[PDB]
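Data block below; observations after.
All protein chains of the complex are present and in place, except for one that has been dropped.
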Amino acid sequence: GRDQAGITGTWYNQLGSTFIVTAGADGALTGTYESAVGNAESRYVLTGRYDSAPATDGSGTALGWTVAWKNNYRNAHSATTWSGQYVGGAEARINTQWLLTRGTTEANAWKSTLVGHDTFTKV
Amino acid sequence: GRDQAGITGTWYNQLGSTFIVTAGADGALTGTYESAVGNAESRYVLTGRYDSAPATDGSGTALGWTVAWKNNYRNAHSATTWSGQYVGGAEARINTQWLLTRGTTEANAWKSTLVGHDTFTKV
Amino acid sequence: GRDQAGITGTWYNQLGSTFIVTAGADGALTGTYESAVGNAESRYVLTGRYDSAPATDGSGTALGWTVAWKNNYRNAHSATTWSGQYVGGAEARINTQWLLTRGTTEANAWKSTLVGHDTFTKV
Partner (left out) sequence: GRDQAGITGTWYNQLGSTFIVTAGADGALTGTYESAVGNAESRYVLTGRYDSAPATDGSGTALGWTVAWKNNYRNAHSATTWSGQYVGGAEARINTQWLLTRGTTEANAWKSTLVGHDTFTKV
């Protein structure tokens, strides 16, 4: 993958959360996520995908991943997806927007989904 | 997983797209996605996560998945994430919202991300 | 406005909420909103804007509006914006996506904003 080495490793967002990811040659993303906020403790599995052959015109690298907020410690009955792009270079970043859906009754489904934005850096 | 058998199989959305997924006991989602719309042809790999131990109070099952829009046919330099819940029973559904990020230059990043909603059924 | 008469009047969404709007020649939207769900009672003021000279190529009419959830009865310390398009004809509709922001502390701002979708019809 063009940015396999750029993406693989440890990232931190503006909340102080930790994203540990391995990028595969094929486009796979596998790792763990630890949230600094919310009803979450320790690491959660993540999986996702990235564009392993991005444009060479200075565009970012599209990618996304999911965490279901169940691990051996806690189950928040919810899942977050991040959708964004990796930008390489001196100050490498992953710029994302996210959707956090909680399981709800049908009556409460209108209030099931939070939306936000996270920026991940290497420091 | 509580809804491992409920989620596993073939789903169709309101656009006529086809989502083929296998749910693992652990919370894994793996499969293929074929979009009826957009700069897409044939099947794309997907991966995601679901809550393998949902609430028993009639709430849905939180889940999410990602497609990077690169396969052997086409590369749209973009990724979609769906975030939603599975609702079991006579008319089983997966109700989602999605974020579609395209790789962009920094100047164009304000117009990188589409948002929408898809409802998947078994027929 | 091209759709001034089409938009003006009473609309109902899938939750059973009631949207009463007047469209001005200039692009203004003014009216009241009554939510069937949530910490809301009676009517709330709304204001917004629409495209008073839409494309003639069968495209919808872009529009948006805001409700702050304060009236003489209740104050939820929150605001919803709907962004969407009006589609005229036998089954006229306003198809929207919405963002509902609650006032929060800085620590809680990551969970300030819900996202959803509403479809309004004339019946």
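Worth a mention:
Every chain is named by a letter (A, B and C) in the order it is written, and numbering of its residues begins at 1.
Keep this in mind: a residue touches a chain if its C-beta (ideal position, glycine included) is under 8 Å from a C-beta of that chain, and two chains touch if they have at least 3 such contacts.
Here the chain not displayed is in touch, across the complete complex, with A, B, C.
Among C:10, C:14, C:22 or C:75, only C:75 touches the chain left out of the display. On the side of subunit C, touch with the chain left out of the figure occurs at residues 26-29, 45-55, 57-70, 75, 77-85, 87, 95-106, 109, 112-113. Against the chain not displayed here, subunit B makes contact via residues 15, 37-38, 99, 107, 110-111, 113-116.
By the touch rule set out above, subunit A reaches the unshown chain at residues 97, 115-117.
The definition used in the following text is that only the chains that are shown with their structure count from here on.
Mean C-alpha positions place subunit A and subunit C at a centre distance of 31 Å. Inter-chain spacing, taken between the CA centroids of subunit B and subunit C, is 28 Å. Among the residues of subunit B, those in touch with two or more other chains are 97.
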